[PDB]
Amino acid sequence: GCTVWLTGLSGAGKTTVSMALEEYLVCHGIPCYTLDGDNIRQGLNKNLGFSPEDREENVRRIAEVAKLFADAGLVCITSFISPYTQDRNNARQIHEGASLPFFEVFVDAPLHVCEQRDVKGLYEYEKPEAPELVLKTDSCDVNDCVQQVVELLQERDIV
């Protein structure tokens, strides 16, 4: 189907949006799968460390896996901070060269909100240049954010 490439600060709402989006798609009979730290970091990317080079390879491998899911006809949602513009652009081009729909989705809450949420007590990021969608997770709720994504997918005939 396509790749829905989430990006945004820690605590902005990527895990939450991806879970609710997958729920909506599954209940509407649309095949979908999420790539996230829980299924990538200790599997495909277990042999990558902290160096810039390895982080670049981390994103490249995630993008190539999302591309296979998209080619297979799934909505593939990636849920990573994805901080660097160059790496997001590389992920985009991996898809665009194969004519696979790619949606860069900026999960956008202010740092202050993310810090106040501190969902995991964890408490630089390059904001998306021209993403296909911005989800303002401080001003609307999870269901409205999901609906914005679904609308985007309908317009491009994925849903």
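In this text, the rigid core denotes the largest set of C-alpha atoms whose superposition between the two forms falls within 1.5 Å. Only residues modelled in both forms are compared. Residue numbers count along the first chain shown, from 1. First, how it differs from the form deposited in another entry.
In the overlay on the core between the two forms, a shift of 2 Å or more in CA position is seen for a single residue of 113, 48, 26, 134, which is 48. In sequence order, there is one run of three or more residues whose C-alphas all shift by 2 angstroms or more between the two forms, with the rigid core superposed, and it is 47 to 55.
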The other form holds:
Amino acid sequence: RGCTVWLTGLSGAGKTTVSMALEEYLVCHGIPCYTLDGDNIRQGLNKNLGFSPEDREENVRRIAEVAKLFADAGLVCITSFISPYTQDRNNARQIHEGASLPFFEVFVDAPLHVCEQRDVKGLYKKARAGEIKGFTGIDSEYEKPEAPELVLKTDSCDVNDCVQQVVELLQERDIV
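Return the structure block for the form deposited in another entry; the form deposited in one PDB entry was the one displayed.
FYI, this one's just the chain on its own, none of its partners or other molecules.
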């Protein structure tokens, strides 16, 4: 019963935080899983990709292919990437659909204002000052999911509420 839990959302909306708490819950309940994120991807397989529209397109494509393999192998694969473009997220869904694997698009949704008040790594302030260019939500677009399987309201639910909602979806869809 492998599947891919595809997170998407602005920088600082809560993707890393949710993925890690979701991965902890699953391991403790004896469900194999693995998380793909900036740390293990953008410095390994995707070390040769930047942040131009084309390189974010290829970033997501390779991640989709990789996730599909983990899902195929029997793991719950959590991906934790901004994935700002609808086309690429829809392509990632297609990849899993073609291979008959369950794909759950989870919109991790905190408003831009909350993300920048959180400013977890000081990035929004730099982006605003033009010291970083093409930052998502300031200088390049984030296209919100039109029909995700789940929307996580990370400004109104705490981390554990969010994890429980994802687990709920996984139960209803017969993964766990």
